[PDB]
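Assemble the complex: chain A is given as a structure, and chain A' must be docked to it using the hints.
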Amino acid sequence: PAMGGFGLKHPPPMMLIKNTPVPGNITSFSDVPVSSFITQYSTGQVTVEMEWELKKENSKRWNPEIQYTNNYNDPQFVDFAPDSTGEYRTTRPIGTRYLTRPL
Amino acid sequence: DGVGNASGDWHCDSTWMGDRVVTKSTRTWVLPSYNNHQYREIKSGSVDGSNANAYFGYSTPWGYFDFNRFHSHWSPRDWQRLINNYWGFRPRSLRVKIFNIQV
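Protein chains in written order, with the entry's author numbering: chain A, 622 to 724; chain A', 209 to 311. A prime marks a further copy of an entry chain.
Hints were generated in silico from the structure; no laboratory data involved. Each hint should be verified, as a subset may be incorrect.
What the hints assert, rightly or not - Listed below are the simulated BS3-like cross-link pairs for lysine-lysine, each with C-alpha atoms no more than 25 Å apart in a straight line: (1) A/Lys677 with A'/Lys232; (2) A'/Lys305 with A'/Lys232; (3) A'/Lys232 with A/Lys681; (4) A'/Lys305 with A/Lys681.
Said to hold, decoys possible - Partial list, computed: chain A residues near chain A' (C-beta under 7 Å): (5) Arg682; (6) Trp683; (7) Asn684; (8) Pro685.
Where is the CB? At the ideal position from N, CA and C, for every residue including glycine.
For reference, chain A alone in the conformation it holds in the complex:
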C-alpha cells in the first residue's frame, strides 16, 4: 500500500456494532414499519491484544548509530504527555528507520 503498512489478502475482519432498537409507545396496529423509538446510546470497554514478531538487529558497524531520542531545546511542555489543559500533545511524526545496514 501506498500509505505504508502491510498489504493483506485477508485482513483483521471488520467489527460492527449497533444499539438494538427499542420501540416507543405503540397503541394500534399498522402494516407500516414502526418509526418512533426510545433514544439511547451505549458505552463499554474494548481490549485489543496484538502479537508482533521482531527481526533482531545484527550489525557490525563500529561507530555509534543514530537513535530516536527525546531532544528538545528549552521545553515549555513535555511532548507526548497531557498539557495543563489535559489535552495530549505530540509535536513530531516518529518514523521507523534509525538503524543502518550496508546494501
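Chain A' alone, transformed into the frame defined by chain A:
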C-alpha cells in the same frame, strides 16, 4: 607445539544473550627488554615544590597486561547498545590468553 603452527586465533566479538553479554578482544602487543634485565631502585626528592612528590621504589624488567578501561572491551556501538537499554551491569568472569609469541 611447533614453529610452523599458530598457537591461537583472532577473536573480537560481542555476543548478547539476554541477561548476559560476552565481549572478546584480541590485540597485538610488543614487549621491550626493560632496564636491560635488571632491577633498579628508583627515587625522587621534592619535585615542583612539593614533597608529596618524593618517593622511593623499584623498577623491574617486567611488563604487564592492563585491560582496565572499558574501551578495551567495548566498541562505541556496543557501548551505545548497553547504555540505551539497560539499567545496570556488572562483570562476571574473565578469561585471558597469550599466544603466537615471537622473540
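We went through each hint and held it up to the structure:
Restraint check: the Cα-Cα separation between A/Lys677 and A'/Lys232 comes to about 21 Å, which is no more than 25 Å; the hinted pair holds. For the hint pairing A'/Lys305 with A'/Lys232, the CA-to-CA distance comes to about 11 Å; that is within 25 Å, so the pair holds. Taken as a hint, the A'/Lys232 and A/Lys681 pair is honoured in the structure, with Cα atoms around 14 Å apart against an allowance of 25 Å. Simply put, A'/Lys305 and A/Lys681 have alpha-carbon atoms about 24 Å apart, close enough for the 25 Å limit, and the pair holds.
For A/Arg682, the suggested interface contact is upheld, since its CB lies about 6 Å from the closest CB of chain A', less than 7 Å. Satisfaction of the interface hint for A/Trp683 is found here, the shortest Cβ-Cβ separation to chain A' being roughly 5 Å, below the 7 Å cut-off. At its closest, the beta carbon of A/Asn684 sits 5 Å from a beta carbon of chain A'; the interface hint therefore holds under the 7 Å criterion. Interface hint at A/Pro685: satisfied, since its Cβ lies 4 Å from the closest Cβ of chain A', which is below the 7 Å cut-off.
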